[PDB]
Every structure is written in structure tokens, then in C-alpha cells.
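**Q** Listed below, chain by chain, are the residues.
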Amino acid sequence: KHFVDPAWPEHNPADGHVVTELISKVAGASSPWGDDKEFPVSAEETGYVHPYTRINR
Amino acid sequence: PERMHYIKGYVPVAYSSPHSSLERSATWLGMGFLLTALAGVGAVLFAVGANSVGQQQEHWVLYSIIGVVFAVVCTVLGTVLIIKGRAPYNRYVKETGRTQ
Amino acid sequence: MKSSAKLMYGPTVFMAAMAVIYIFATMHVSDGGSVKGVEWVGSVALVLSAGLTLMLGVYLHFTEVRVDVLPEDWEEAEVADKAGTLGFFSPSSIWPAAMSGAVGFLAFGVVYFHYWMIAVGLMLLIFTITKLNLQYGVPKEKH
Amino acid sequence: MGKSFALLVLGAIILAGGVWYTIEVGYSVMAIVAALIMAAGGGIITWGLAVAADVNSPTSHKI
Amino acid sequence: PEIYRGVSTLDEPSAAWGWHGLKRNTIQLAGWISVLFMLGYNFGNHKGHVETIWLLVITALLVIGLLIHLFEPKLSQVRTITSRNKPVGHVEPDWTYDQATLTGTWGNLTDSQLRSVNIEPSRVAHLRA
Amino acid sequence: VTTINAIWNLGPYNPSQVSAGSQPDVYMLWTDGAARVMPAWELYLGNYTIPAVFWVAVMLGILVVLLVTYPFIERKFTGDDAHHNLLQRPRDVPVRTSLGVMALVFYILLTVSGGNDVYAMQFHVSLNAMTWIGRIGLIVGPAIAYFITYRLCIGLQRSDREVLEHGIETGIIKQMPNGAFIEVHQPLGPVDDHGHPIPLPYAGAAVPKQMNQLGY
Amino acid sequence: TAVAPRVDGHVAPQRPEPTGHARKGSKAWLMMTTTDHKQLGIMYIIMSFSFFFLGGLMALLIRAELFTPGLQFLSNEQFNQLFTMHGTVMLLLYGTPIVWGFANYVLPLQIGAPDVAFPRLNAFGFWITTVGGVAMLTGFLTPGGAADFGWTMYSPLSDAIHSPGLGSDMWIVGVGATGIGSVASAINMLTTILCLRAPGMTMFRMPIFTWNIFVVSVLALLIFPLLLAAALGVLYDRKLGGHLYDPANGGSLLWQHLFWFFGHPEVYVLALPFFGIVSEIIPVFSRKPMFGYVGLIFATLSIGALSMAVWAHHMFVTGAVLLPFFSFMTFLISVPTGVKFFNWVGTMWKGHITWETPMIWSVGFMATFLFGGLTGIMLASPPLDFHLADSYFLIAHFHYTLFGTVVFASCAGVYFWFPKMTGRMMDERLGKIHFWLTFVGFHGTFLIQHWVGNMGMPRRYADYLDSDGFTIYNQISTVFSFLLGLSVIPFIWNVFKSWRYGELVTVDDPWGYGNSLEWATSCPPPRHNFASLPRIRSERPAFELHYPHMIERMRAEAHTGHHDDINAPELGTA
Ligand code: HAS
Ligand code: HAS
Ligand SMILES: CC(C)=CCC/C(C)=C/C=C/C(C)=C/C=C/C(C)=C/C=C/C=C(C)/C=C/C=C(C)/C=C/C=C(\C)CCC=C(C)C
Ligand SMILES: [Ca+2]
Ligand SMILES: [Cu+2]
Ligand SMILES: [Mn+2]
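Chains as they are written, first to last, in the entry's author numbering: chain K, 17 to 73; chain J, 13 to 112; chain G, 1 to 143; chain L, 3 to 65; chain I, 10 to 138; chain B, 271 to 486; chain D, 2 to 575.
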């Protein structure tokens, strides 16, 4: 069988399809980060690290 | 979806309902041919008008006849196709008893 | 997308009929104050204008036979029907201005016809287009 | 009613000042400036008429 | 929102991190020096006067800008009413919430109107009681 | 791969001959352009004369002095003498970066005025118009550069604050049951119990502005 | 139909602050990276009016030179360049950009979408249009000046032989850069209407304005790339040694046919959207719905369909075209325009007309365009066109139609949507002053040019003899032309003052009776245009939202002799 990128959303072809040249499950463009995601997420789950910093006086 | 539901005393705007005539391709194609038909009227007028001042003497009968032929085929085509596109609306009007 | 897929059939058939009428007319009518003979400019334009509208109409119809009964087209739809994700939209981007400037540089290059301006313009143009298309997929800073 | 009288009258002499100068100078560059003076007079005339129009039929009732 | 070295954080968000506000007197001084230099430009050996037109237009616009920056005039906010617009003390009702709840501006509609919006009055009699 | 200074077709020097395009090297074009834009002011004093080229010497010397002594004229107006070790992002210091872009446009106008003989020949702008563009531009263009640069820097740091107080705008737009169009924002710091980010204090470090810069 | 339960302690959302309160640097970087349809549309509009003033200054110079015989301050070359560039900038840098600016602001609000389909493409369209404008205007910096061959650029005059100098080339690129900017704007408006419509907004519940924009989008996509191909062909002939537009190849009539095939749909592209704007303005201030709605839609689509067959009526004096065919088609294209006029006066019939500023502008537009089109019909017949063609009669005709359809109606649109675009209302008195100045100055300038056109003065004439016999008429034209120039002072001051200190708008529809959907939301709208979507059920969402008690009347009195279909039985079940 063919390979599938794990970022690909799961679906059952027997009752639909994921995307074609003609139709899609969205009115606008699909999310670059995956329509299957659910934003927002937690601060630590973001991976960002806010810097505390001070400067001389 | 799949069916409408109106209570008594409610009148909607009829357009783009599943029974509407604007939603089907025959109607629009008929509009195109109906617009095309007036070109034949122009053609026959051009033929007889050129005749009125003694010009186009060698071909004016052919131009008039072909103009009338094109006009009649186009206008009858447009009318028939429009009526075909409106047939679902007539069936709906028979079904429900509401015009809009 | 049912109504707009099918309303395009009027303009295209009218343009096609005008194209054939005009080709026969100019190739046959030897009227004074004009010269007999088929003219290709105008006839080609009419047929390919019919082509443009026919391409639009046929693609839209070919697509619309696939789609479902969308709530925007349902004459008695409720605001709750379309709840969910509408889609992804670009928040902001500097690259449209950049590639407009690149096209401007290329256009000025062909104005004076300095070959280096044309080459640098094309290079800058494909660079800016690439940066536009990769905006929301540039990799995270690799440590 | 209102300023429209004076704003018309101030214009009516300026316009008169313009056309007179136009019929004084020959075909020259200063004829252009005469035309400008004449048109400025006409503009102040219409300006008076428009403030009169606003006063006759106000549509921003509360000042 | 604090003021750092004369400038407010609301006008300059990074007011505390660097050099932000030039004194208006400095702007005036630089502008007038520039105007003096550009008026001096027209004492060279050039013959034509198209140069003069450009210089005089730009210096006139410079002086206009510098005068308005010197005084910084203002106008008042006009308190007129144009149309069905309402004065500042108005409170705008959420017409959509009223439509979806039959409350507020959509409350107390008669039976005929409720039928006219495809809503049977039987489901609404207690709500209007 | 590129020829530079093809001396073999210039011929040897003799003081009676010259070419139309005879500018010095690129890094000297600024001091050529100064000599091109000076309006010929010359002083005569009895048995003596100050030529018109003394003033470009004064101007270029002032220009060099300003560059040489900059940190101290920065001190006297900035009002600080601290022992800084962390750098300023140029957006956070709009006055200095605006003055820098102002000096850049000044230097570039001097450069292109130095090269205007070639510029007018190639791009078909009148040679007198180029000299007057240099003259009037060395006053006007610096001011425009300062204005635009200052406002752009303020806008940049405003975008930074907007992200830090509202989170990244993903670009995912969703419609609520009420029909309101909302864009889900992805917070960086913690969120209040009302369900909205708590603002972070700006720190001078770059703020991420998109979700592809968080790994997503 | 569902009715929701009440919410505990509900409060309406915080509507955004009005304009003029912006801080320092709050729009610079926002502008440079903008992909918001509405801010982008505002800057579209401002840039287009900047080009309007720039072109009109050249127009006033032309009039000042033609005030009296003899060349007072212009030469022949400078006069030629002036009318060429005036025509080019006013048609391509003012008209089409203002059309797309109003489209970009208004259309997503009317169709109930948050944003346009392709935001970055829209920003690219704006910036490339401005790039083309500056390229087009750069020709004046040339020592020899800009292009000098009229805005049509007939060949062989545009050949390398007969038009040297780089300004002639810069025109070609400035036009082309503008053309693709227009195309990039059109790609959105089709795809947006096809894909981002609000729930319940079927295609025939759209406002008339967006219908016109839809038809104009398809029309513009037809015809702008043809201009680009022809223009690149001309540049190919010029810079290289091409021969395609050589007269011995038939290049003159080739260029005329191709250009006018582009060009007549351009004037209809300018025409239809402003017809739509007045079709939105007139129902509001007459308190009456639009008369013959789907009829107007069919008329708009008929104009779109007929525009592609009418093109060669610009060549009746060339001796090449087939006269009867094109004369008949350009007679046919008059019918739907007259249908639109009849519909406007019909919706005004026995209405309650209030005369706030946009209604004044709309009726002025109707009065002007009536005579403009009435003149156009006379130009449509060949035997009259043999004398009229390329005279000042033609000048007066197309200035009537353009100045009516663009300037009057664009001003109407500005006054109409200034609340929705700013959150403030324009000064009424300055508006009336502006209107009367423009109206009287216009009719003074251009009504008398019919007579000089008839008497024998051709277009594009830089100098004329004292013995010719049409100096007084030109003098009368010139004075009122300077009045037209003075007319825009109150407009600029009014916009400037109202932006920064104008009357604040509280309600969602300061005019009161807004029918279209954009009048249901806030003034200004939020970033994504809608804090809540009304129940859309007709061509008047905002009206039926704000006046529920009117609905039973609005559905009942719509049709003459309306049927008994209200009494029909129930049709289904939930
Ligand atoms: C926005 C810009 C424009 C609009 C709109 C416009 C409308 C029309 N024009 Fe035009 N025009 C021409 C014909 C028409 C016709 C038939 C209409 C139509 O839109 C007019 C219809 C409008 C109406 C408002 C109709 C009347 C209304 C009612 C309600 C009654 C219905 C009609 C009836 C009953 C018939 C009339 C009855 C009679 C008894 C006469 C022709 C040729 O037939 C030429 C080329 C001539 C030449 O030789 O160069 C031309 C030239 C131009 C140019 C030339 C530029 C150049 O040469 O460089 C421009 C820019 C321009 C713009 C515009 N024009 N036009
Ligand atoms: C949308 C389309 C058009 C509009 C609008 C338009 C407006 C005017 N036209 Fe026109 N035009 C003529 C006169 C006028 C006048 C007096 C105005 C008026 O609207 C102009 C007044 C309006 C203004 C608006 C200018 C006032 C400017 C002021 C008061 C101040 C300027 C200074 C600043 C600083 C501006 C403020 C700047 C800021 C950034 C705020 C004449 C004859 O009197 C001819 C034929 C001449 C010949 O011999 O061929 C002509 C030729 C044409 C052609 C054919 C060109 C060709 O054959 O190649 C076209 C397509 C055309 C279109 C248009 N035209 N015009
Ligand atoms: C060798 C080496 C080592 C290096 C290289 C070379 C060099 C040395 C160089 C150097 C350079 C420099 C340092 C430079 C500098 C510069 C500067 C600082 C400059 C400055 C300038 C200034 C000016 C001109 C100013 C101006 C101003 C004005 C004009 C103002 C105005 C104002 C107003 C009008 C107000 C209002 C506003 C508006 C309109 C915008
Ligand atoms: Ca003259
Ligand atoms: Cu036409
Ligand atoms: Mn001709």
C-alpha cells in the first residue's frame, strides 16, 4: 500500500474523501498546521520561553 | 435541507428555492438564445433598408430570408427552452397553491 | 454554487453566436464603404471570449455536481449551520509590496532595455514570489 | 437668508472685475489670469447659492 | 503607562529602551536652517528660472509645514446631528440578539407579524405574557 | 568573471585629455558628489581669494567629525552613561535608527550625484536636473527619510506589543453559533480565568509573530 | 424557525473606536503589511483620488492654453503630452482603481464574509497598480517628456519610427502594470462571491452592487489580458525589430480592432459598478425597495453580454469595419441602460424622498448621464458619426458619461459609506457646496463644447486661428473649467476635517433605512466585519432587521395585484 504522511487527517474513503482538485471540507483555504488541530494550546505546550531581562541604569 | 417548511401566513421570497427556475441551466441558455434572436431582426431590417435606397440589389433577398430564418429559429428556441426551464415551477404551483 | 455555475451559459452562447454571425457577415457582405473579406482580429477574440466564459461555466458546473446542499445556498438556512472553521486567511505579509517593487524594477528594465535590469528583475521577482509562497512554512530556527 | 446675500454680492463685483479685465487685455498670458478671476467670481456666486440651498432645506438639523 | 525622558509609553511603546523624542525646538531649528540653505541656493551662477520655480515652491511648502508645526493648530469635534444618527449618549441595542430571542426591539410583535416571520405564535404566547 | 578597471583601453595620462565618465572609485564618489553640488560660492579679498572648493572641504570635514565623535553627542542628548552589554534592536531606538537612515540617504545622494554623469546618460534624465536633484535632495530627502523611518519603527514595535498582549494571530478564522467571526489567537504566556492572555512585559528580544516559528 | 433562550446578563459587544484617534506609527507598518480588505480599500480610494487631482491639473492646463488663439505658454509637444497623460491617468489610474477600491471595501460586508478570498493577492494588486502609476508618470522626468500619441496610441504613430523617446515606452509598461493590478483584484471578487457567502444569503438575495461587481469581474478578466498581449506586442515591435504592427502588414487597423476590443468593455467596467452604487443609494433615501430587482440583474448581465460585441463602433470613419452590424449592436446596448433608468425612477415613484447629500449626488448623476447617453445614441449611428467622429462633440459626450458615472457617483458613494468606512459623518453644508460647484461648473464647461464640435473644431487641437469662428465658446468653456477645478477644494477640506473631528456615529445605520447587509454591523466594522449575523431572508437584511413590524407589509405589497398565496396551507413539518 501507499505511504501516508502522519500529518494527514484520518478518514474513511468508503463514505467520503479528504481533498480533491474540485472539492474540500472548507470554505476557505486549509490550515497550514492541519485542520485537525485545535488551537489554542498551553504556554509550555507552545515551546516559547519569554525572557526576563534588565539593563543598566 | 431536502424539503422546505412554511407555516400558514408566511410568504417568502421565492428565488433559489429547489423549485425555482433561476436555478436551472435551460432557462439561462434560453435567455442567451433569446438575446441572439434580435440579431436576425437587425439583419432583415438592414436588408430592406439597403433596398430602400437602391443598394444591395444583388443579395438583398438572401439577407432578408436568412435574417428571418435565424430570428425565428433563435426566438422559438429561446421561448421553448425558457418554458422547459419553468416547468418545475408550474408543477410546484400545482402542488402547493402558493405562487412565491 | 448552483446558480452562478449555470448563469454563465447566456454570455458564452451569445458570444459564440455573434462570432459565427460575424464571420459569415464579413466574409460575404460586399457593402460599399467597406471591404469584403474575413477579419481574423475580432473573430479570434470573440471565439476565445466565448472560450473563457465556457471554461468558467463548465468548470463550475463540473464542480457543482459534486458539492452538497451548502447552507449559504439553502433559502431557509440558520446561522448555526455554518458554525466551525471557515478557513485559513493570511493575517499580514510584506511580500506583496516586495514583489510589486520587483515587477516595477523589471518593467523599468524593459523600458530602457538594460539587459542587467531585466535579469536582476526576473531573479528578484522569482525570489519574492518564492518568499511569498513559503511564508507560513519556513522551518523553525534550527537551534 | 443669511450670509448668502453678502457672499453673492462680494462675488458679483469680483466676477465683474474679471470679465472687464478679460475684455481689456488682448490675447495674452494675462487673459488666462483674467479668466481665473472671472471663474473665482462665479465660484463665490455658486458658493452663495449653495449656502442658500442649505438654509432653505436644512438636513443636519441640530447644530 | 509611564513617561520616560519626556515621552509617554502610549505614544512610544519602547520609550524606556532608547532615544525616542526629539524636542520640537530642535525640529524647528533644523527646518529653518534648511530653509536658509535652500534660499541661498538661488544665488549661484545659474541662468534659468525653472530652478527658481522648484526652489521657491519647495521652500514655500517648507515654511508652511514649519509654521503649522510651530503653532500646531486644532479644530473642535463637531456636535451636530446629520440624520437618524443619535447623540453621544445613545445606547445601541443588539438587534441580532433581539431577533434571535424575540426580546427588546423584537418584543411584543403581534400575531400577524410573528406569522410573517415564520414563527407560530403558539410557541411564543408565554414569552410575551 | 568580471572585468574591473580595464586600464589597457584608457591610455596613459597626459593633462590635456579627459573622458565624460571619469569618476573616482565607488568609495570616493561621495566626495566627488559634494564637489558637484556646491553652488560655486567664491570669496575675493583684495590680493587674496578663497576658492569655491574650500566649502566642500569644510562640509566633508564636518561630515567626518560628526561620524568620529558620535557616541558623545549621543551621550549629551540621551542623558545616560551606563555600562551597556546588551544590544538594542534598531526598532526600539527610533531616533538613532532614523538618523542613521537619514545619513544613509544623505550619503547615497552624494554618491549618485557623483555618478550622475553616467546616470543621466543611461536613464535619460537631464544633467542639470540631476545636479539640482542632488542639491535640493541633500536637504529634503533626509527629512523624508527621518519621518518615514521613525514612523515605521514605531509601527514595528507596536506590532510587537500587539502580539505580546494578544498572542499570535494564527489566521484560523471560525464562525461562532451567533455568527460572529473570530480568529483563534494562540497565547504565549498564561491565560486569565476569563479565557484570554495576560500581557507579558516586552523584553527587547524578538517576539514570534507566526505559528510556523513555534514549530507547528 | 428557531428562537433561542435568553442569556443571563447579556451585553452587546464593544464596537470599535472611530477614526482620528490613531496613535503615532499606528498605520505605517500596518499599511506596509496589510491584508485586511477594508483598510486596503480605503487606501485604494485615497490613492485613486490623488491620481484624480493629478490628472485634472493637466486638464486645467489644457483649458488654460485653449482659452485664446496663439500658443501663450505651451508648445504643440507639451499640449499633446498633456492630453495624452490626462486621458491615461484619469481612465486607468483613477477610474478602475476607485472601482476596485469600493469593491474591496463593500463587497465582503454585503455578502457577509470576513475577508476576501485571496488577501495577499489583493495587496499585490494595490501595490502593483501604484507601481504602474509611478512608472506611467515617470515619463515627465524625461527631457523630451512623456508619451504624446493620445490615450488610444494609434499606430503607425506608436511605431519605433514614428514615436521615439522612452516616455512612449513608459506608457506601455505603466498601463500594463495597472492592467495586471486590475486582474489581481478581479480574481478575488469572483472567487469571493462563489465561495464565502453568508448562511441564508442565496445568490438572488445579494445587493445589486455586488451583482454588478460580479459581472464586471468576468468582463475585466476577459479584456485586461488582451490589452497586455497587445501592449507587449507593441513593445516587441519597438525594442526589437518587429513588424507585426507595420502598416504594410495592416498594423493600423489591427491595432485599432484589438485596442477597442479591450477598450469598450473598459468603459462598461467603469459604468456598471457606479450604477450599482446608485442602485444602493436610491432605495435607502426614498424608503422604498429596489424596483424590478431580478429585472435589473438581467439588465446588468445583458450589458455584460453585449459589451463584447459592440467594440467596433469606435471605427466607423476607418472605412474598414462593417457598418450595419456594429451600428445595430451598439443600438441594442442602449436598451438595458434605459431599463436601469426606468427602474431608478420607478423606485423613486411616490416615495418619501429625503435629500441628504448622497441622494443629491445620485439624482445629479442621473440627470447628467441621461444627456450623456442621449448623446451617445447619436454617436452610434454611422451617418451622424461621419461628421461627429473625433470632434469636440465626442469630447463632450464621453465627459458627460464618465464625469457622470464616475465622478458624481463616486462622490455619492464616498458620502454614502463615509460612516461605515470611518465611524463619522461628513459635513452636510460643505457637501452641498461641493455638489453645486461641481454641477454648475461641469454643465458650463461641457455643454457648450457640443457646439464647437458641431461647428468643426476637431479634438486634440492645440492652436486655432482667430478667423475660424469658435474662440468665444472656448472662452466660456475655460471659465467654467476653472470653476470645476475650484470645486474640489471643499471636498478635500470636508474629507480632511470629517476624518479627524467629524460627527461621531452611534447607531449602525445613520441614514436610517439601509437595506443592504453592511448596515447591520458596526460603524466602523470590527477587524472581521461581523460581531453577529442577522437572519438573512431577502434583499433587505438590515431593513427587515431594524423594522420587524414592516415585514408583513414588505412581503404583501411587493407585487401589483398580489396573489392569495399568503392564505395557502402549511407546507411541511420541522
Ligand atoms: C463610462 C464611460 C462611457 C459610457 C457609459 C458610454 C456610453 C455610451 N457610448 Fe461612449 N461612445 C459611443 C457610444 C456610446 C453608447 C451607445 C453608450 C451607451 O451607454 C448609451 C446608452 C445610455 C442611455 C442612458 C440610453 C438612454 C436612456 C433611456 C432611458 C432611453 C432608452 C434609449 C432609447 C429610447 C433610444 C434613444 C432614442 C432616441 C430617439 C435617440 C461611440 C459610438 O457609438 C463612441 C465612438 C464614437 C467615435 O466615432 O469615436 C463613443 C466614444 C466614447 C469614448 C471615446 C474615447 C476616445 O475616442 O478616445 C469614451 C471614453 C466613451 C465612454 C463612455 N461611453 N465613449
Ligand atoms: C474619468 C475620466 C475623465 C475625467 C474625470 C476628466 C476630467 C476633465 N476633463 Fe477630460 N479632457 C478635457 C477636460 C477635462 C476637464 C476640464 C476635467 C475636469 O474634471 C478637471 C478639473 C478637476 C480637477 C480635479 C483638477 C483640479 C486640481 C486642483 C484644484 C489642484 C491641483 C493641485 C494639487 C496639489 C492637488 C491635490 C493633491 C493631493 C494629493 C491632495 C478636455 C477639454 O477640455 C479634453 C480634450 C482636450 C483635447 O484637445 O484633446 C479631455 C480629454 C480627455 C480624454 C481623451 C484624451 C485623449 O483624447 O487622448 C479622456 C479619456 C478624458 C477623461 C476624463 N477627463 N479626458
Ligand atoms: C569615509 C567614511 C568613514 C565614511 C563614509 C563617508 C562619510 C564620512 C559619511 C558621513 C555621513 C554622515 C555622518 C552624514 C550625516 C548626515 C546628517 C546627520 C544629515 C542631516 C540632515 C538634516 C536635514 C537636512 C534636516 C532637514 C529638516 C527639515 C527640512 C524639516 C522640516 C520640517 C517640517 C516642514 C515640519 C512638517 C513636516 C513635514 C511636512 C514632513
Ligand atoms: Ca492659446
Ligand atoms: Cu464604446
Ligand atoms: Mn479615425
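Among the clues, some could well be false.
Unchecked claim - As a list, the in silico BS3-like pairs of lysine-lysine whose alpha-carbon atoms are at most 25 Å apart:
no.: 1; chain 1: I; residue 1: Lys95; chain 2: L; residue 2: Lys64
no.: 2; chain 1: D; residue 1: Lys240; chain 2: I; residue 2: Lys32
no.: 3; chain 1: D; residue 1: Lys28; chain 2: D; residue 2: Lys351
no.: 4; chain 1: B; residue 1: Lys444; chain 2: B; residue 2: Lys479
no.: 5; chain 1: B; residue 1: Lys479; chain 2: G; residue 2: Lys131
no.: 6; chain 1: K; residue 1: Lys53; chain 2: K; residue 2: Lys41
no.: 7; chain 1: L; residue 1: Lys64; chain 2: D; residue 2: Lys28
no.: 8; chain 1: D; residue 1: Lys289; chain 2: I; residue 2: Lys32
no.: 9; chain 1: D; residue 1: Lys351; chain 2: D; residue 2: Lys289
no.: 10; chain 1: J; residue 1: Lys20; chain 2: J; residue 2: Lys96
no.: 11; chain 1: I; residue 1: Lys83; chain 2: D; residue 2: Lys289
no.: 12; chain 1: K; residue 1: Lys53; chain 2: B; residue 2: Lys346
no.: 13; chain 1: G; residue 1: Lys142; chain 2: B; residue 2: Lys479
no.: 14; chain 1: I; residue 1: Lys83; chain 2: L; residue 2: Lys64
no.: 15; chain 1: B; residue 1: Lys346; chain 2: K; residue 2: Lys41
no.: 16; chain 1: D; residue 1: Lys498; chain 2: L; residue 2: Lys5
no.: 17; chain 1: I; residue 1: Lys32; chain 2: I; residue 2: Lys95
no.: 18; chain 1: I; residue 1: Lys83; chain 2: D; residue 2: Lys498
no.: 19; chain 1: B; residue 1: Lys444; chain 2: I; residue 2: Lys32
no.: 20; chain 1: G; residue 1: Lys36; chain 2: K; residue 2: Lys53
no.: 21; chain 1: B; residue 1: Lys479; chain 2: D; residue 2: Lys28
no.: 22; chain 1: L; residue 1: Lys5; chain 2: L; residue 2: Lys64
no.: 23; chain 1: D; residue 1: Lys25; chain 2: B; residue 2: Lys479
no.: 24; chain 1: J; residue 1: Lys96; chain 2: J; residue 2: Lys106
no.: 25; chain 1: G; residue 1: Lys131; chain 2: G; residue 2: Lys142
no.: 26; chain 1: I; residue 1: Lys83; chain 2: D; residue 2: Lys351
no.: 27; chain 1: D; residue 1: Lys351; chain 2: D; residue 2: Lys25
no.: 28; chain 1: B; residue 1: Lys346; chain 2: G; residue 2: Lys140
no.: 29; chain 1: D; residue 1: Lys28; chain 2: I; residue 2: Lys95
no.: 30; chain 1: D; residue 1: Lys28; chain 2: G; residue 2: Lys131
Worth flagging that the hints you see were computed from the coordinates, not collected in a lab.
**Q** Work down the list of hints and note, for each, if the structure agrees.
**A** Quick rundown of the hints versus the structure:
Taking the CA atoms of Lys95/I and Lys64/L, the gap is about 11 Å. The hint holds against a cut of 25 Å. Straight-line distance between C-alpha atoms of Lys240/D and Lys32/I comes to about 54 Å, which puts the hinted pair past the 25 Å bound. Only pairs whose Cα atoms come within 25 Å are accepted, and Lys28/D paired with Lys351/D is rejected, the gap being roughly 46 Å. At most 25 Å may separate the alpha-carbon atoms for a hinted pair to count; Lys444/B and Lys479/B meet this at roughly 20 Å.
At roughly 16 Å between alpha-carbon atoms, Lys479/B and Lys131/G fall within 25 Å of each other, so this suggested pair holds. For the suggested pair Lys53/K and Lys41/K, the alpha carbons sit about 15 Å apart, so the restraint of at most 25 Å is met. Taking the CA atoms of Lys64/L and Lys28/D, the gap is about 34 Å. The hint is violated against a cut of 25 Å. Proposed proximity of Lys289/D and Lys32/I is contradicted: the alpha carbons are some 58 Å apart, above 25 Å.
Annotation: proposed proximity of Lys351/D to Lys289/D holds, straight-line Cα distance about 9 Å (limit 25 Å). Distance check on the hinted pair: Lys20/J and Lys96/J sit about 30 Å apart at the alpha-carbon level, beyond 25 Å; violated. For a cut-off of 25 Å, the pair hint linking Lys83/I to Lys289/D is broken: about 42 Å separates their Cα positions. Note on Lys53/K and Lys346/B: the hinted pairing is violated, with a Cα-Cα distance of about 54 Å set against a maximum of 25 Å.
Pair hint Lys142/G plus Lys479/B holds up; C-alpha atoms about 17 Å apart against a cutoff of 25 Å. In summary, the hint linking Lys83/I to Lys64/L is supported, as the alpha carbons are separated by about 23 Å, within the 25 Å threshold. Of the supplied pair hints, the one linking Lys346/B and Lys41/K is violated, its CA atoms being roughly 63 Å apart against a limit of 25 Å. This hinted pair checks out: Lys498/D and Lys5/L have alpha carbons roughly 22 Å apart, not beyond 25 Å.
About 42 Å separates the Cα atoms of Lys32/I and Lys95/I, which puts this hinted pair outside 25 Å; it is violated. Restraint check for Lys83/I and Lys498/D: satisfied, since their Cα atoms lie roughly 10 Å apart, inside the 25 Å limit. Using a Cα cut-off of 25 Å, the hinted pair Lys444/B and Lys32/I is violated, with the two alpha carbons roughly 47 Å apart. Restraint check for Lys36/G and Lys53/K: not satisfied, since their Cα atoms lie roughly 68 Å apart, outside the 25 Å limit.
The suggested pairing of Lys479/B with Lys28/D holds, with an alpha-carbon distance near 18 Å, which does not exceed 25 Å. Annotation: proposed proximity of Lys5/L to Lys64/L holds, straight-line Cα distance about 19 Å (limit 25 Å). Between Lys25/D and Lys479/B the alpha-carbon distance is near 21 Å, which keeps this suggested pair within the 25 Å criterion. Taken as a hint, the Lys96/J and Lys106/J pair is honoured in the structure, with Cα atoms around 16 Å apart against an allowance of 25 Å.
A hinted pair counts as satisfied when its Cα atoms are at most 25 Å apart, and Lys131/G with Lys142/G qualifies at roughly 19 Å. Between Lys83/I and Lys351/D the CA atoms are separated by roughly 46 Å; this puts the pair beyond 25 Å, and the hint is violated. Pair hint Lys351/D plus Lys25/D does not hold up; C-alpha atoms about 51 Å apart against a cutoff of 25 Å. With a C-alpha separation of about 42 Å, the suggested pair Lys346/B and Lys140/G falls outside the 25 Å cut-off, and the hint is violated.
Taking the CA atoms of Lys28/D and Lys95/I, the gap is near 29 Å; set against the 25 Å cutoff, the hint is violated. Only pairs whose Cα atoms come within 25 Å are accepted, and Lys28/D paired with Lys131/G is accepted, the gap being roughly 24 Å.
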